[PDB]
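Chain residues, written in single-letter form:
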Amino acid sequence: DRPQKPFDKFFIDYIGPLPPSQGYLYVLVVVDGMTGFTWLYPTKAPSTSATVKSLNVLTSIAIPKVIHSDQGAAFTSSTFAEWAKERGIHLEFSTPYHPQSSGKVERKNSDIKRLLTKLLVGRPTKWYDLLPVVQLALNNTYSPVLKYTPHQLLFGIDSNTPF
Amino acid sequence: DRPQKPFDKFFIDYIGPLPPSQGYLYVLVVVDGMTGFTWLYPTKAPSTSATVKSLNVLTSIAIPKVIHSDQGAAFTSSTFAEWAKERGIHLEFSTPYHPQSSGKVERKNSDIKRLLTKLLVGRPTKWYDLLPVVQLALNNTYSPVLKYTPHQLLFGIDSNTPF
Amino acid sequence: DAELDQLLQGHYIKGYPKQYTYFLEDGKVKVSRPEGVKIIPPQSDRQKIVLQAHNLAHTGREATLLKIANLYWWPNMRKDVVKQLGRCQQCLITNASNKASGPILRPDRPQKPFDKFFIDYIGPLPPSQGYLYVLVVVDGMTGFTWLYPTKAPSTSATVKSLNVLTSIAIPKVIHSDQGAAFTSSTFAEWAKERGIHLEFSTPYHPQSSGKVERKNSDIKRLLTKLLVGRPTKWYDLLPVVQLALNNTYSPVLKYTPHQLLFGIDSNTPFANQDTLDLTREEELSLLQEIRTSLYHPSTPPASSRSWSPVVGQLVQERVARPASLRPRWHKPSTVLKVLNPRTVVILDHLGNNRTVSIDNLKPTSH
Amino acid sequence: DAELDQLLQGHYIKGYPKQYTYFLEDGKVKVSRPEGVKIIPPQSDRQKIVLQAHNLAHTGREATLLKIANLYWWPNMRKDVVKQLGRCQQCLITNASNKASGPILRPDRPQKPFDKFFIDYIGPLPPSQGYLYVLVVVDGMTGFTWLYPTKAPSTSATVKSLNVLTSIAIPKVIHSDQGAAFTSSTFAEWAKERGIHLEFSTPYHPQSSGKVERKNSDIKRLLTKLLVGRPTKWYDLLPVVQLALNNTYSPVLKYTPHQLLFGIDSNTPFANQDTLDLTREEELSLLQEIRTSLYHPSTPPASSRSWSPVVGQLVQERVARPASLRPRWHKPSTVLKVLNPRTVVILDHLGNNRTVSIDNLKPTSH
DNA sequence: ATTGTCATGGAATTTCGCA
DNA sequence: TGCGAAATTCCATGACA
DNA sequence: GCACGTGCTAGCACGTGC
DNA sequence: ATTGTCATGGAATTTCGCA
DNA sequence: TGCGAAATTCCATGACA
DNA sequence: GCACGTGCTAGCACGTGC
Ligand SMILES: [Mn+2]
Ligand SMILES: [Mn+2]
Ligand SMILES: [Mn+2]
Ligand SMILES: [Mn+2]
Ligand SMILES: [Mn+2]
Ligand SMILES: [Mn+2]
Ligand SMILES: [Zn+2]
Ligand SMILES: [Zn+2]
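Chains as they are written, first to last, in the deposited numbering: chain B, 116 to 278; chain B', 116 to 278; chain A, 9 to 374; chain A', 9 to 374. A prime marks a further copy of an entry chain.
Hints are computed from structural coordinates only; laboratory data are not their basis.
Please note that the accuracy of each hint is not assured.
[Said to hold, decoys possible] Over the 12 Å line for every Cβ pair with chain A, so calculated as not near, a few chain A' residues:
| no. | residue |
| --- | --- |
| 1 | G44 |
| 2 | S192 |
| 3 | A199 |
| 4 | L347 |
[Claimed, not checked] Counterexamples of contact, computed for chain A' against chain A with all Cβ distances above 10 Å:
| no. | residue |
| --- | --- |
| 5 | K22 |
| 6 | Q97 |
| 7 | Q98 |
[To be verified] Quick look at which bits of chain A' chain A covers, simulated, 3 or more residues with Cβ under 8 Å:
| no. | region |
| --- | --- |
| 8 | 12-18 |
| 9 | 72-79 |
| 10 | 123-129 |
| 11 | 225-232 |
| 12 | 333-341 |
The C-beta atom is built at its ideal place from N, Cα and C for all residues, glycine as well.
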């Protein structure tokens, strides 16, 4: 029907455990489905607690229509259920053992998984410090299919950090 | 020559000792020669000290051209001499044992001497408190020779304390 | 869907224009307008919607309307928006006013010396000789001024100074601000004994004591100039300042205060002699000619967006000393009496009667 | 009695008019004038006289002239009066100015989001959750704003907040006031690492940070309204305020800051759908059309008695924090460079170079 | 029930010395 | 009566709170 | 005795000198 | 070496529904 | 084109420091 | 360690209630 847009649907999932970087072990990947734009929040647990905390930060900036995620514990709890309804967020789940996003997100999610593991080679002990550099990198990395960057699709402008 | 005016010449002299009213024993009578206007400052001594103190108060309001007084100690000291020259005041003295002012001042000075001694009958112990009432009385008391009061000759207006 | 049924049938309803096609879709009644398609909610739902869009940020008229506009349309939407803004208590008591106060009155000068005394305190200052404050007393007509050093701005110290002053003359009115030393019972009982009437400025409004407040400036200016590059020991300078100011020309009057009090200069430097050959009586008659023919200014033209008060109008008082993140305006109140076009008596929030300057009032919006 | 001898002989001297009879009496040379008879002192005596009459009360032009007028007369007396007033150090450094500042410049809006960040601190506030201050960051073009709760307004806390912010994007310029957390070496070294240029307001001049200062008002207003009749616990309201303001219409723009940053509303209440059928690319091209065609105000007309600065002019800086009875103006200094008609660089009283706003300068009189 | 003021210096206007 | 210079007045600004 | 109403000016924080 | 801003509600003007 | 009502814009004020 | 420069809001006094 109508064309896809930002703030239409965000995809979210957990990465970890990882090496005890500054007291944290995990990362919450957030990726907008039309822009491929990406936020990364480190956590000390794949729990419902840490999800709401991070996501409050994000949804005080903008608010998605939908969240999509696997059937991991944190997303299927009834606590996270009541959080998504307070703010008008419709929830969507994949089917067990058959992960599903889109072309665009599957690949982005992949890179994040690759770039992340790479600093887990080069600077493998203290990763907490390096996240903001990664997010910038991911949001200014050009997309093959469309002819602009996530930063470009989100703000309608060039960046001051070209990559 | 030219007509007499206020601030032309003030006459000054000491009254006392008196009954120990609130710790004071004397009074400094000041009377303008054209208006008959009158200031009264109580003191604890007929000294040069107490004269300058009082007169500083008075000459921060207006300043006479001349002072006249008997040859009492306080006025003939060289301390009071240097005070009168700092401020541009010419000094004048009567001859010993032959007091001299004018018609107008001789009489005023007399009343002050009479009204004062009267409260020294009626309310004979505590006179310090009663001075301001006396000064008002003396400055609103009508003069026979001219047809106005000292208050009237000084401010060119009626009083709010008629007597 | 009360009268919304009629409109769907094509009937006419006063307010909604007929050149537009109104339909039904997804259960809701919409309309096709230039901007796009808009929902027309029933009148019962309408109050709730305007409140939901206001409470987003407590936005005013225009910011609210634009929110609701994204989804809805109906006749005279703003009529319903200002309806809520007039009742939403938080907005009325936090929002700032956009209306100026009416233009100042310049009260006629007192006619004769000693009609009105204006008083006020200065300080606390750098301690000099153990003295901290200075009681300042200005006579209205002349501008003549007496200065007294006190160790506190108490009624006690104010008593003792005016006692030495009043030996010269006694004034009709003494005008002060509502400072605590000047409103004490002891001080009023002092005024009563001497037959003087006490008069008080409206609170939190120094303009009213502008005569003495203005003279405080002249006093600080000269004090300052005389203490440049030297420790600030003012005590012994008070009598020097009293004298210099009392004999200094007001350029638009062409006279000094000494001159308007006595009609002739004393033995101070650079004295005016001009009336030398006249008798006293020819001077004193001249002084009255001058005293009635002084300069007096006229009230300034109003601001293009001022307001002026009326009996029974809704107004709000400026909270005297609000704590942080607390509202700057009191709840609305009604004007009882209009004393002049800048002074007013209200039934406050206590509710007593209070007399305030319009500079601490604002017209309630809506 | 130099040339005064000539005039007594009846000869003519340029300046003194001939229709008046000048004589000698009591040793001094006088003149018979309409007002009365006046003394004409020799030119050697004249400087001394003008200083004796000024030092009475440190009176200005007119008040001084009138003093001297009572006794003396000579040609162009005022020429000699202003001559002393230009040199009398105490008057020049205590007196107030009677000249307005030139009319404000309205700088062009930043063109694209993330060109300029304006920052500033709020507080100390009532303690909430052990938090006292709020770092506030406003983007120039959009007006979009982030709020961060800190326990102090330190560089340390300012570092940690901008780090979380800059993950989204990195700005070209960050503009702050000369506050100590923002001028630290550590903070400049932080800006250097990220390639951001630091820009500083002229000191004691909040107008310059007017964009963020204005946004502080909107932040306090809404915070206040939401805490009416309830303990002032703001911490948990910061994210709610950040969101409401970011999505609230500027009535003269017809847009919200969210809209000028992203071109489309997210899933917030009362969302604009108007660009529904367009692809993203048709939106993003529209956003640039709007962004270049926003409202911008023009500088206001000057005051009838303003001044505007010039190289080599004599000006004086407003003493930042004068103690009581101390002068409010620094010694005179010279203007080196005029950066714009409201900004200037002087060789101060240290004497370093300083960059000041003309609102803390005054033209030296005479 | 009470209410702005007035010193100040460049600008704008009035007066004044002379013929 | 008229001209140029000089004297005198006009009046916005800012500090007192 | 302590909070209140009316009138006033002090004082704290941060980062950097000597 | 840098620079005021913009939400707000009565007033003033523009547009719009209808014929 | 023209009228009265409605919608939309104009703009001084005041708070942030 | 303490004064300085730049950014901010607290606090004291007096006379009168309860
Ligand atoms: Mn998972
Ligand atoms: Mn004797
Ligand atoms: Mn006071
Ligand atoms: Mn600041
Ligand atoms: Mn005062
Ligand atoms: Mn600020
Ligand atoms: Zn509201
Ligand atoms: Zn001077």
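Starting from the hint list further up, note which numbers the structure goes against and sort them upward. 1, 6, 7, 8, 10
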